[PDB]
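Before any questions on binding or motion, here is one chain by itself as structure tokens, the form deposited without its partner chain.
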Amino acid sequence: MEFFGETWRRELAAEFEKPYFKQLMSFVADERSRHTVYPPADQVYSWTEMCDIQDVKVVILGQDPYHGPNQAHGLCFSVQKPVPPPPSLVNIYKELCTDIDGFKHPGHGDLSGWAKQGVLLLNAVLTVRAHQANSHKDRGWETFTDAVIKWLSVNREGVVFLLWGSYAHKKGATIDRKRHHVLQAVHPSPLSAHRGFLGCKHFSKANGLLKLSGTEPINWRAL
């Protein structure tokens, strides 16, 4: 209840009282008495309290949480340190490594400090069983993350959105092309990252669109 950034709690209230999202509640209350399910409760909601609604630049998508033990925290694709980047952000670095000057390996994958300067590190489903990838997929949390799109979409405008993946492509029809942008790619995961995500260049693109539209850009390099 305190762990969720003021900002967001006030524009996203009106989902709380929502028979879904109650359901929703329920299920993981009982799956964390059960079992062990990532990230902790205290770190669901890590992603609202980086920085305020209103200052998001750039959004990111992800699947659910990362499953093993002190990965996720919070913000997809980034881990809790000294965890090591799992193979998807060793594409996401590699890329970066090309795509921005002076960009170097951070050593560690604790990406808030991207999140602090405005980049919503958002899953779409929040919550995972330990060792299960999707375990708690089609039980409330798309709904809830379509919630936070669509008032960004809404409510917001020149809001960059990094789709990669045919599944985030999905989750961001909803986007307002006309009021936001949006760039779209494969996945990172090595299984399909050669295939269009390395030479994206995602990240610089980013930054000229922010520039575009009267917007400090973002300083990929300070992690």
The other form holds:
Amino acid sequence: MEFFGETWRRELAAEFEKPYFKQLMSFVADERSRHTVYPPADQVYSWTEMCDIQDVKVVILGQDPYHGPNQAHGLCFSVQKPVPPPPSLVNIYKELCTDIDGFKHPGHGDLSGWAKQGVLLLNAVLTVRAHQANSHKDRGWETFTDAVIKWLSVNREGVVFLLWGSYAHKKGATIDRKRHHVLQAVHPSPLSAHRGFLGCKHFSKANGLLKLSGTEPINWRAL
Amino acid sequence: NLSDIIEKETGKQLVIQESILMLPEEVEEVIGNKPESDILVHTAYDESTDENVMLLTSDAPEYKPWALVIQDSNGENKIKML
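Provide the structure of the form deposited with its partner chain bound, given the form deposited without its partner chain shown above.
To see the whole picture, the full complex is given below, headed by that same chain.
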């Protein structure tokens, strides 16, 4: 299926045939017929394409896609080169500077270099109408991403979930705490970041957790 | 709509870069008041003043303005209930 990496399709295939997903697709088609929707159709499932499903080592959850021109490209927090890092990403990058020695602001906000190493950058909602935050909520995506998160909780082991802000804590509340590692913090948004996101050291702690499986760490620096 | 709301309040014509949903409890201590329901934290950067400028609204589809926060480099806030 178009735009969806095959190791992902194989495993999630039941979902696509389900009424709710089919009704999601034609909601999205309708939206595109009449408005601009972000990200572009061919980048909605970018996260399925940067790595294989077996190779996922870390999960970072997001909400919905940036709603400005050229920002979203189907990975949570990341922006298409050369868009400036949004305010939350600025704070993510601030945390990396003090958490990961040698980390250097890469001079862009494209996080694909993480995704290619097994960092699943998953928004819970996958599309948005231009200029309208949260405008595609409860149209089916929540249900589908719940399906993706379940599948990873059930079928993989030792995956580190980094959950930022309460909505993301919520979305990860059923992750099997025996088979996986969940780390929680408040959102990197400027409203909250100096209130627990800065100093959370999630990126090194993740690599500390990976090392217990004899799993090779994420090189957070390769952006 | 929303950047006009920012302009009226602060005289700055700015571009919202992101909108983050937060629980009432998530926003309460920072703001010193609890909103009736979820809030979207809509954030622009004012490059002139090196300030993060946040317009908190209710969720889509209403986006009713709740509060405006102006944050400096070290994260100190100036808060105005709307």
